[PDB]
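The block that comes next holds subunit A.
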Amino acid sequence: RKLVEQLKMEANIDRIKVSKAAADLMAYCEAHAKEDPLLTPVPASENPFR
Partner candidate 1 sequence: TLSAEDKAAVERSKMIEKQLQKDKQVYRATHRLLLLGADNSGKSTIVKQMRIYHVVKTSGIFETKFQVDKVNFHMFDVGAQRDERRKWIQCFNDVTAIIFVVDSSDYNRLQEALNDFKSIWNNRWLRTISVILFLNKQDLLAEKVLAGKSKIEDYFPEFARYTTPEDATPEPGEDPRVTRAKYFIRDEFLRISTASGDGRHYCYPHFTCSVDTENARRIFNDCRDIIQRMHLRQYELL
Partner candidate 2 sequence: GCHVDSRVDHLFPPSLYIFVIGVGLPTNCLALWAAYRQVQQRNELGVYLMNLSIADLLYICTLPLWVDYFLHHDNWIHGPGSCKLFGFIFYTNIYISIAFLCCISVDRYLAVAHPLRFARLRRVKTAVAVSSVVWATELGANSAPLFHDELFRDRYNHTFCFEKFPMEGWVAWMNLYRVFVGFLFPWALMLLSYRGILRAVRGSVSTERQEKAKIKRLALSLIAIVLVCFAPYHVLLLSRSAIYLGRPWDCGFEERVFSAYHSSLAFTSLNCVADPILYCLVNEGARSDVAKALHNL
Partner candidate 3 sequence: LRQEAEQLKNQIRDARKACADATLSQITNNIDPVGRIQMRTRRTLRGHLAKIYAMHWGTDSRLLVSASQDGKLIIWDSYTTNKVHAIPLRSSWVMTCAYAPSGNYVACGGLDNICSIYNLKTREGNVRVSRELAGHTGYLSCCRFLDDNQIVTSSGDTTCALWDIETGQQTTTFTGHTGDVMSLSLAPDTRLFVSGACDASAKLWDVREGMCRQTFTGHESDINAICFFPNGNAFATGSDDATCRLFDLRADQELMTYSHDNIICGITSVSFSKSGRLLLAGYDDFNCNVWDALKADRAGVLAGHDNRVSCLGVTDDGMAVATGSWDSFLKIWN
């Protein structure tokens, strides 16, 4: 009796379209692109593992 109730509560929620989610993830990845050392290597005088 508990599984039915849990599933029913798990059904009636709000979804968005997948393209919106994809756009949001890509937008976040593009916005914070300059502050990411592993993509763009910091010059070899500012990292502490020189």
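Rule of thumb we're sticking to: contacts are C-beta pairs under 8 Å (C-beta built on N, C-alpha and C of every residue); 3 or more make two chains touch, one makes a residue touch a chain; residues count from 1.
Quick note on selection: all candidates are chains of the complex that A comes from, given by their letters.
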Single touching candidate for subunit A, where 1, 2 or 3 all sit in one complex: 3
Complex contacts: residues of subunit A adjacent to candidate 3: 3-4, 6-11, 13-26, 28-29, 32-33, 35-39, 42, 47-49
